[PDB]
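There is one chain below, alone, in structure tokens, taken in the form deposited in one PDB entry.
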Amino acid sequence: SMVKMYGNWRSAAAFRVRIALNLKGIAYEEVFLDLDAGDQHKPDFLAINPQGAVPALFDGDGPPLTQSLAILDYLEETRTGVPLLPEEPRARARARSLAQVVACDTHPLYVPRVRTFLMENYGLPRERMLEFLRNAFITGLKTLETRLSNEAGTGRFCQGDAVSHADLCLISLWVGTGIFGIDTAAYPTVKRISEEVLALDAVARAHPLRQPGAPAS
């Protein structure tokens, strides 16, 4: 009778879903887990989510929905009022391709499990592990800047003049440049669009720094 999300303040995947829920006007409650303190591995949570996935979304009766892109499409197909994809198939594919530059090629390389594995498996200090994270960000940001700057499809937003899944993924990476201290001077098109997206109430309300567990700044 109300959507329930299990999330985390910092998670880019949780942020994407949170934005979509807000943009579409879907009432929900979010439960915040500490992913650094191993809440995702606790048996009581595992009782409702065996593989421990965050974010996890419960939409009334049914098993939970996981994986941020799959969830975004689920919301698109079940709540159609404010569409977050265009209608034309090539435009949809481009928007999804841009989203996946982030959600497939970039973000999975900097999740907490990877950060901890690099340190624990190789004995790398945090300072050296972060070289992997920074490289992921920079590689992704370079691709997005080139594509957004040179391709005809870009408008006010990543694809045309309507917010799409591409923008939700883009802003989720952009906020990470703040959280993880990546220089963004070289990506002015990414900046312009990210600020355009961040100016929206639905996006700002969902910002990691406005969630429980966040640091001050």
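By rigid core we mean the largest C-alpha set that fits within 1.5 Å across both forms. Numbering follows the first chain given and starts at 1. First, how it differs from the form deposited in another entry.
Comparing the two forms between the two forms on the rigid core, the single residue of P50, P188, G38, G62 with a CA shift of 2 Å or greater is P50.
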Second form
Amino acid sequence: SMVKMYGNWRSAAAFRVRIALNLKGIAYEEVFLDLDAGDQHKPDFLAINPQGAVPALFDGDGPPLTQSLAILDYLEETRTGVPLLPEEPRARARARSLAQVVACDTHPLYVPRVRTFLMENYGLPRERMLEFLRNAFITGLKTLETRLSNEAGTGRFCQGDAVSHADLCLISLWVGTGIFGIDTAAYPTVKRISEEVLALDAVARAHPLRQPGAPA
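Following the display of the form deposited in one PDB entry, present the structure of the form deposited in another entry.
If you are looking for partners or other molecules, they are not here, because only the chain is given.
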């Protein structure tokens, strides 16, 4: 009947997909796992995604899809009304590169399994573990600020004047700066674009703090 997503309130990866579903007007239901209580490690969920991570997405008949970027492209290829990539190949590649600075080189360094491994494997206290998370955030934010401020492709959004996968990934990082307490004063271009993105109904409705399980 309708698209079904396995997600979590806090997850940046689920947030990216949630935004795309809203932007494209796709009706969906979301099942919220508790990733801190280990719902992602239960046999029932491992049957859906052996990786033990969210998001996982069902689109009618067929196996579930995982990995937020792959899912964003799937939605692009199967629901074309509101495109979230430009048409020109260099512009597409830049948007994807910016997206991947976040989705490959930043976010995977601060997910719960990394945070717990640092504590459990090395005996690091949470406070010292967070130095790794902060370094990942700051490294990604500095990269994005430099690229967005200096490259000709930036407009109202990351790439030109249309929302793209880059912006979905950027806002997913930005909301994390709030959640994890990263100072963002040094990234004014990232701030400008993130606030432009967050002003959209489709994005705001998808915000982690509006999902079940969120704190006040």
